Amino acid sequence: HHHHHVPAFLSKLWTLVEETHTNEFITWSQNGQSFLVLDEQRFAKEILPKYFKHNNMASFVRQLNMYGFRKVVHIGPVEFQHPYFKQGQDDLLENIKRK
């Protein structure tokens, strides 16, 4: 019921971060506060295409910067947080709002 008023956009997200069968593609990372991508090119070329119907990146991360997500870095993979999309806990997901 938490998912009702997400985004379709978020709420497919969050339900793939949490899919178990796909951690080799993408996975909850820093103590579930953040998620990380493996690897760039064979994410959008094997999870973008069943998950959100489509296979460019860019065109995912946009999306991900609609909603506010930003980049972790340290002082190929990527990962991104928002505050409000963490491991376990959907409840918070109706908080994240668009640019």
Contents of the next structure:
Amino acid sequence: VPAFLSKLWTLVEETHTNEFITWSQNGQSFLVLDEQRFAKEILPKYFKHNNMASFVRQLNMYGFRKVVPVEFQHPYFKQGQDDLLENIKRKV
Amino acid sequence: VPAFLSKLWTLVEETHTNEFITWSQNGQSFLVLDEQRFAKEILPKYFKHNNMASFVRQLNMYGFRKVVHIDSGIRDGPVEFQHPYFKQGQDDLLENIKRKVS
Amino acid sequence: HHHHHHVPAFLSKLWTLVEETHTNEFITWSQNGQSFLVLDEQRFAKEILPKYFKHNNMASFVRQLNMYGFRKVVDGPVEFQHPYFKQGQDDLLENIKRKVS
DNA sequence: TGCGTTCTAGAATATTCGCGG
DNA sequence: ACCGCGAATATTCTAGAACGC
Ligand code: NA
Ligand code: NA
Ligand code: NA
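Let me have the form deposited with the DNA bound next, following on from the form deposited without the DNA.
First the chain shown before, then all remaining chains and molecules of the complex.
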């Protein structure tokens, strides 16, 4: 599993980040509750940038889609099912 | 068991090196906690060099893989390596680790 | 503060690192201007690299050097050379090419 | 024939920028 | 500003290759 996916799983799963990024209620998507604080305070703790656009570029590269707080989903990104991450293949 | 693996086992297992190189908390991988001091103060006591890169090349020659460190963005952090046959309390598995041949 | 806008960031930053005097404690031209020296690989990687790049790994700095065609000149300084990386000849930087595998 | 050290390269992922809309 | 996406470069991790023993 590439670093982006395992870090993203950790971010969403960990409760100590839940003020800015968390599973949706049913566990099928994740929410960014405060984009600006997420990008300025959380992104540089796990990635080499503080740029929401570079996070979103990676979401696109891994096939995530925005859901109509911002919400993203991937069929193989589900609460309690980290074994499924191996199914997610980055775009070339 | 070639010298690299027995020396690596002793390095990880020994408590007195644990500031530099230690089992991870699950015992399925090992950590190098201070890469610079490990390379300059530990490596040349066990090997003919003081270069982390030459240690790392050997780790990969023996089939070890680097573990992603989750909380690494932006006092250097740990580096973690794992091998299915390098496990705390299971030194009987070391004989199964065969170096790649060039 | 690097400033060679016409070449990739790595070469512009490398030129500034070598040329600027306040970094000469870490990285500087060799005496004849034909190569550059990293004087203390440990201090350079920990104190200088993350001020200019998104990492503090000598190996990733060296990967870039080789990718742009630099060769190591074979404890102490490490020395790297490129025919087109030369003191007083910044017009040659744009002849340095990034290798493609 | 195999192991150790060094230097360089392959390939994948990661970050940024810019384009058209 | 967004949004999807191509492209250039950066960074990481592993491997190739030369050479000594
Ligand atoms: Na969370
Ligand atoms: Na130890
Ligand atoms: Na300098």
